[PDB]
Amino acid sequence: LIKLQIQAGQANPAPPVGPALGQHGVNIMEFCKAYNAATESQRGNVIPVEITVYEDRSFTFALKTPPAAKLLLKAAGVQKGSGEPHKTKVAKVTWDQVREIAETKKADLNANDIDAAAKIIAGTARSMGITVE
Amino acid sequence: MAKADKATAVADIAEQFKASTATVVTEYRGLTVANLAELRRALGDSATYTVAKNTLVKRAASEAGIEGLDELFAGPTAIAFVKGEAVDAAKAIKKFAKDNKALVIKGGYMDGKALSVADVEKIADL
Amino acid sequence: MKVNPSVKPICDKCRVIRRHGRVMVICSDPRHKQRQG
Amino acid sequence: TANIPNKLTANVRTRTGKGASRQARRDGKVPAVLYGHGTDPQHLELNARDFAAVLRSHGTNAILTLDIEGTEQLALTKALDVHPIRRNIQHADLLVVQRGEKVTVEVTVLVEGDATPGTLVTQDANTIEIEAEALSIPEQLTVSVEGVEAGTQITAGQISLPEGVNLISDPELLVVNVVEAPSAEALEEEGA
Amino acid sequence: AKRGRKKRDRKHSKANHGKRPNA
Amino acid sequence: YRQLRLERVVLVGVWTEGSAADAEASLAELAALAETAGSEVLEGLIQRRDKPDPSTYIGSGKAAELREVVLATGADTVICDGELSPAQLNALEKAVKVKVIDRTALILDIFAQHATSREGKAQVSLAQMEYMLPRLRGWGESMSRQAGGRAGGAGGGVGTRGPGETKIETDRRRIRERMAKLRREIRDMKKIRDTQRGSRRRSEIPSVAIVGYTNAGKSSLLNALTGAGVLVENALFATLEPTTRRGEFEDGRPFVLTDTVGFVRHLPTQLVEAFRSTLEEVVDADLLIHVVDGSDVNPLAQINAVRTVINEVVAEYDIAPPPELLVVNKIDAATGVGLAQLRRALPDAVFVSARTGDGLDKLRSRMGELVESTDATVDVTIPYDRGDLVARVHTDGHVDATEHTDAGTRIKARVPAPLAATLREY
Amino acid sequence: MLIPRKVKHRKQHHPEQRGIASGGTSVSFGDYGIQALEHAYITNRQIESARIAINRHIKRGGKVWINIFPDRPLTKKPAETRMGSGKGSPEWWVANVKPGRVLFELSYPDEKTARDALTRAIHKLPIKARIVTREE
RNA sequence: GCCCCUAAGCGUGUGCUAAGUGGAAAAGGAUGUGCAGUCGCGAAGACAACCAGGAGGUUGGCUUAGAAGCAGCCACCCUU
Ligand SMILES: Nc1nc2c(ncn2[C@@H]2O[C@H](COP(=O)(O)OP(=O)(O)CP(=O)(O)O)[C@@H](O)[C@H]2O)c(=O)[nH]1
Numbered sequence: 555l556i557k558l559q560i561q562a563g564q565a566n567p568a569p570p571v572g573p574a575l576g577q578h579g580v581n582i583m584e585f586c587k588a589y590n591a592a593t594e595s596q597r598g599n600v601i602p603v604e605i606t607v608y609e610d611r612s613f614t615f616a617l618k619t620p621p622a623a624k625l626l627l628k629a630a631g632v633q634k635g636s637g638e639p640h641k642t643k644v645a646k647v648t649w650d651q652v653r654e655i656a657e658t659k660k661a662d663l664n665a666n667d668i669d670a671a672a673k674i675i676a677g678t679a680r681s682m683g684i685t686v687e
Numbered sequence: 011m012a013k014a015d016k017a018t019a020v021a022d023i024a025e026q027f028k029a030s031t032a033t034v035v036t037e038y039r040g041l042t043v044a045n046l047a048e049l050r051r052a053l054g055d056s057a058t059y060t061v062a063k064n065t066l067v068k069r070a071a072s073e074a075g076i077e078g079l080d081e082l083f084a085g086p087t088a089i090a091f092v093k094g095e096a097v098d099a100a101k102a103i104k105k106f107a108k109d110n111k112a113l114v115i116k117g118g119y120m121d122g123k124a125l126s127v128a129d130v131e132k133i134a135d136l
Numbered sequence: 004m005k006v007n008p009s010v011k012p013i014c015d016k017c018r019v020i021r022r023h024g025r026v027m028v029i030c031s032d033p034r035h036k037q038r039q040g
Numbered sequence: 021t022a023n024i025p026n027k028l029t030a031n032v033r034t035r036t037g038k039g040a041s042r043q044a045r046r047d048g049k050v051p052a053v054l055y056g057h058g059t060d061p062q063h064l065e066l067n068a069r070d071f072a073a074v075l076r077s078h079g080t081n082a083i084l085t086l087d088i089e090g091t092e093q094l095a096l097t098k099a100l101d102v103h104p105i106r107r108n109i110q111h112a113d114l115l116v117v118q119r120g121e122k123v124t125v126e127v128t129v130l131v132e133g134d135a136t137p138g139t140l141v142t143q144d145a146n147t148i149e150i151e152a153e154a155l156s157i158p159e160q161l162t163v164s165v166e167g168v169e170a171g172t173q174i175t176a177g178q179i180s181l182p183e184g185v186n187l188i189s190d191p192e193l194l195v196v197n198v199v200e201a202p203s204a205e206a207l208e209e210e211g212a
Numbered sequence: 084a085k086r087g088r089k090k091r092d093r094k095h096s097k098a099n100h101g102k103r104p105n106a
Numbered sequence: 003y004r005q006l007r008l009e010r011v012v013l014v015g016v017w018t019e020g021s022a023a024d025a026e027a028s029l030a031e032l033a034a035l036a037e038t039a040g041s042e043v044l045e046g047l048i049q050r051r052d053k054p055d056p057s058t059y060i061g062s063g064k065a066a067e068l069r070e071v072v073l074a075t076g077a078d079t080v081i082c083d084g085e086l087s088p089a090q091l092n093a094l095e096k097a098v099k100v101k102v103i104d105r106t107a108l109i110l111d112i113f114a115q116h117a118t119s120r121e122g123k124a125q126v127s128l129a130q131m132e133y134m135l136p137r138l139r140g141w142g143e144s145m146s147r148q149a150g151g152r153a154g155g156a157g158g159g160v161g162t163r164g165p166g167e168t169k170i171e172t173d174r175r176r177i178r179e180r181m182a183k184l185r186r187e188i189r190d191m192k193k194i195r196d197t198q199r200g201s202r203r204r205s206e207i208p209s210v211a212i213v214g215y216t217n218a219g220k221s222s223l224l225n226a227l228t229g230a231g232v233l234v235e236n237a238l239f240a241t242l243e244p245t246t247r248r249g250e251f252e253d254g255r256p257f258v259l260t261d262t263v264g265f266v267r268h269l270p271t272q273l274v275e276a277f278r279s280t281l282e283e284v285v286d287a288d289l290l291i292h293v294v295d296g297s298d299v300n301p302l303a304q305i306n307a308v309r310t311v312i313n314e315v316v317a318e319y320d321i322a323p324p325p326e327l328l329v330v331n332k333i334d335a336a337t338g339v340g341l342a343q344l345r346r347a348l349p350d351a352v353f354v355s356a357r358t359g360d361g362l363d364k365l366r367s368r369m370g371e372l373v374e375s376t377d378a379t380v381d382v383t384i385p386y387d388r389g390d391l392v393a394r395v396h397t398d399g400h401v402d403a404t405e406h407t408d409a410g411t412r413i414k415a416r417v418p419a420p421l422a423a424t425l426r427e428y
Numbered sequence: 104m105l106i107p108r109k110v111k112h113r114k115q116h117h118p119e120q121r122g123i124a125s126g127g128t129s130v131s132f133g134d135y136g137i138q139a140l141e142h143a144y145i146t147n148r149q150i151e152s153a154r155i156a157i158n159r160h161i162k163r164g165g166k167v168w169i170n171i172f173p174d175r176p177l178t179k180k181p182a183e184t185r186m187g188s189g190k191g192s193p194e195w196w197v198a199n200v201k202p203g204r205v206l207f208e209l210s211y212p213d214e215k216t217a218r219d220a221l222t223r224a225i226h227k228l229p230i231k232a233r234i235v236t237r238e239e
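Chains as they are written, first to last, in the numbering used here: chain A, 555 to 687; chain B, 11 to 136; chain C, 4 to 40; chain D, 21 to 212; chain E, 84 to 106; chain F, 3 to 428; chain G, 104 to 239.
Be careful, since some hints might not be right.
[Claimed, not checked] Sample of chain D residues lacking proximity to chain G, with all beta carbon distances greater than 10 Å (derived):
#1 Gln43
#2 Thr59
#3 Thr91
#4 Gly133
#5 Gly171
#6 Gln173
#7 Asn186
#8 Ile188
#9 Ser189
[Claimed, not checked] According to the in silico footprint, chain G covers these stretches of chain D (three or more CB under 8 Å from chain G):
#10 140-146
#11 197-203
#12 206-212
[What the hints assert, rightly or not] DSS-like, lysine-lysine: derived pairs with alpha carbons at most 27 Å apart:
#13 B:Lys105 with A:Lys659
#14 A:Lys673 with B:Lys16
#15 A:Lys641 with G:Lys162
#16 B:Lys63 with A:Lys659
#17 A:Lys660 with B:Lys111
#18 E:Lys97 with E:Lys85
#19 G:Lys227 with F:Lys123
#20 B:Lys63 with A:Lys673
#21 A:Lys660 with B:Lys93
#22 F:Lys101 with G:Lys180
#23 A:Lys659 with B:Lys108
#24 F:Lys101 with G:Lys190
#25 C:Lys16 with G:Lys215
#26 G:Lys180 with F:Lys99
#27 F:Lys123 with G:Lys179
Keep in mind that the hints were calculated from the coordinates and are not lab data.
The beta-carbon is built from N, C-alpha and C at its ideal position, and this holds for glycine as well.
Please model the complete structure; the sequences and the hints are all you need to start from.
Written out as structure tokens, the structure reads:
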């Protein structure tokens, strides 16, 4: 059930995705077939994968996307950041897909509430200083 | 508790009773948001999944003056709206009585009067 | 136990209690069991 | 600035002395005197809880209409006698004042902003002598250090005064100076 | 030094009134 | 411990043997030591006597010469670069008429002020006290005019005179007795050291240590080679207790690096006795790091003196002396153009500067090389159902984790006996 | 430690401790104070230890004010000597404190660690104390 | 000084003490028990309780053995 924010330009090169193919009693590269047939055919702008195996050994995704903080990782620019909160700016983001900032996931951990976009404008953004201008 | 902010909010939430003619009443039983995000995001078109936790459905409805009922506090009671889109959000949440499976049918605000369960299903068809 | 004339809490999981005339600290982590005398 | 005189009562004191004043303060009273331009040396007896209720809310320069055997006289709190270790009130000067009179007091000043976060902000003297009308005496004049570089002196000219309030002390004494914040070497090398 | 303490803490009785000889 | 005032010192010393330069070298340490105790040094006279005098160390007339110099500079003290008996330092006091307190006494006293930990304090009092036992009649004021005696000895009957003993015995008994309590106390503190080092003992780890004389660095090399900031004062004897920190190279096994106290030439054979902490370490190590300064007139000297103390240690404990690396520092910032000489014939004369100038790159890479043999090597076939095979396989100290596959993982790494152990299933 | 440069009279009588402090009984420089509650012969090393115990807990910010100065010497007749032939040499340097007299003053932004550091200072002093502020 | 030794009160009215405190003691530690005001919530039934609520892009960074919500940490403008 392990999600991720590790890099998405992977073709089973490394301990993140290779063992993720090589776990839980499934085929060796059958998810690798669909993954490098579908996701990085769309050039691989960051795509996590949550393990939702059925009894028939399948699990499908959506067009998975970082939130409005690091939307630039998908769309515009460099693949880096900082480590402290409220730090220096690294890049900038325009306002084309700013109704698509909410078009990936609008969930909460608790049972509490909704509107993760009105959350994400300042929630998971001030932890680093990755910017939208 | 403080009745200032709470009363001036929820009295107008139940003053939208007086403007409208139809809101649907459901039950909240608590899940992930990740399974209720699809519910409120997709089939609540212009509607809500609001708690009104167990709070102010009968005391703060006196400005409507049409509060001829007792069971506004009895059990949990929700305030999902079908004023603009009547059958749409109503049956769109009633399909979650077979999809979400964390709610039942109660019945509620139809026409300002207290309708039976069988006939509120009959008008949710018709 | 670490018996000494000055017991006081250490972590955020331990309470103090007054039991059988002595005041003592009780914790889930058993390194922090203290009592006065 | 236009406030309202704090209504109070005060009976005139029969017997003065050290033992009589101690006996009065053992019952919840505060001794006081009401000198001034009216030439009323009036040996009174205020009440401690009501007097501290006026003082800790409406500032220390609190005008007091007070019922001295059936007459309401406006009086300004001139000076106090607080014990240094019990921190109660042991006396009260009540200068008799009438309206329209410009009178001099000493109000306390406070700060508003934070700083620039790399400096330390230090108060120097939190009292300012000002000349105001009797029913115009302000309280808690605000100074603003908001994004202010070090090497700054905020003297007693840059304070902003309300209506009708003139100054007494000269505009060359410091109020808030902002020095650059030290380090651990400057903490270990200052005081040995 | 129990003996000196017991001998000079005897002056705190009501019949001695705070004082005793040699204490 | 005694604390008064000086700051006025004239140093003296017999040049019984050694080269001229060698001779004034000693007097010089005495200057640095004197100032490390904080007192201005005025003049400094050295004689050439094939062997000291049993009454006044230097001579009779030379004492007279010193008498006038003490009246000239008014120096309130005189310090002798040698160990002197109670008698010699008492006669030379009526001569010059001022402090004639020897070197061993300067060092023993510097250790009193500069030392913090309680343990360190105890060991000091032993030393100072063992130095003062052999000086009681000399400090014979307690016996000065203790002629109040003449007690009758009719004996065989009432004397009621209690002393059933001479006053010197009774007094000697006290100092000797206190010394004995402290003695047992100090030997107990051994258990505290051992217990504070149980984790390191177990889980065998490597253990490099840094030997070397005082002012050679040591605590500069540690504050840089790993991390941490310990007292790095430019004075003498700045570390009076051992420290240990973690650090590693490719073999992350701790290369636990200890820093120790400094071995000056001619130890006072007193306070050092209890400075066993530094030596307990030398014994239990996998390497040693003799650091020597290039900014020194003759570096080779301290190399041998220090090495001697290491000699005695290996002798008592009957140990195969550990591999030792001598790293020269103060180079680069080398206030030394005599640099090449060492380089002509010196092992690992790294221009460690420790200050700016680094130089630590070669050492680090050549450090793990001399440490004791590793003992973990392995190549295996791990199934895809790992999640556990990582045991320490990747997550271990030196676990290599340096080979892979598609089938589980054809890991080809290294593993310790108690970690991945034998579990690995090829 | 804090020692005077020179003093007029080298051997002095013991400063009598009676009555309440009639000067110093307010916080004047800084924001938080340490007001004494008993009489003491607060010495040189206690003031040095309390200043160190404050500066260890405020690591980089704020001032610290030592309002008192030890300039009243106490003597000590030397070891194992009978009683007689002169007052001893001046050994200790002591400041005289009365109840009310504010000893240490501190300015610091963080109100929690200010009272923490001032309790750390209070625990090294030979009397009872308080943490008074510069307001009422 | 007044229960018996031991002359005279197991005196009267209202409270406190659980320590044989009374019938020795310090820095200091501390969910003892009466009193008196103060501060938000404040006999709305608030608070406690049985409890639906469990990996938001949550294997994020600082970085990649993974950094398996979670070695460590410099921020919680955040919401049916
Ligand atoms: N000029 C110069 N000095 C250096 C260099 N490296 C180290 N030092 C000197 O060495 C000193 C640091 O080593 P130090 O801590 O004195 O060694 P130590 O043996 O622990 C001192 P102690 O005798 O107390 O144990 C510094 O004072 C510094 O001046 C260098 O590259 N250049």
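Q: Would you check whether the claim that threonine 59 of chain D is not at the interface survives, using Cβ distances to chain G and the 10 Å cut-off?
A: holds (32 Å)
**Q.** Restraint status (C-alpha distance of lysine 101 of chain F to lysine 180 of chain G at most 27 Å)
**A.** holds (23 Å)
Q. Between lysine 180 of chain G and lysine 99 of chain F, is the straight-line Cα distance small enough, at 27 Å or below?
A. Roughly 25 Å between the alpha carbons, so the hint for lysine 180 of chain G and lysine 99 of chain F holds.
Q. Are the Cα atoms of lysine 227 of chain G and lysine 123 of chain F separated by 27 Å or less?
A. OK: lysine 227 of chain G and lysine 123 of chain F at ~22 Å, within 27 Å.
Q | Hint consistency between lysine 660 of chain A and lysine 111 of chain B [alpha-carbon to alpha-carbon, up to 27 Å] | A | holds (21 Å)
Q. Is the nearest CB of chain G more than 10 Å from the CB of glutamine 173 of chain D?
A. Label holds. Min Cβ-Cβ 17 Å, cutoff 10 Å.
**Q.** 27 Å limit on alpha-carbon distance, applied to hinted pair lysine 105 of chain B and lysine 659 of chain A
**A.** The hint holds at about 22 Å.
Q) Straight-line Cα separation of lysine 97 of chain E and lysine 85 of chain E no greater than 27 Å? A) With Cα atoms ~22 Å apart, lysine 97 of chain E and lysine 85 of chain E stay inside 27 Å; holds.
Q. Is the straight-line distance between the alpha-carbon of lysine 101 of chain F and that of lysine 190 of chain G 27 Å or less?
A. Status holds; Cα separation ~25 Å.
Q.
Checking a non-interface call: every C-beta of chain G should be farther than 10 Å from the C-beta of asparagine 186 of chain D. Is that right?
A. The claim stands: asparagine 186 of chain D keeps its Cβ more than 10 Å from every Cβ of chain G (closest is about 26 Å).
Q) Does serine 189 of chain D really sit off the interface, with its C-beta more than 10 Å from all C-beta atoms of chain G? A) The claim holds: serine 189 of chain D sits with its nearest Cβ about 17 Å from chain G, beyond 10 Å.
(Q) How does the region 206-212 of chain D fare against chain G when you require at least three residues with a CB closer than 8 Å, holds or violated? (A) holds (count 5)
Of the hints listed earlier, there is not a single one the structure fails to meet.
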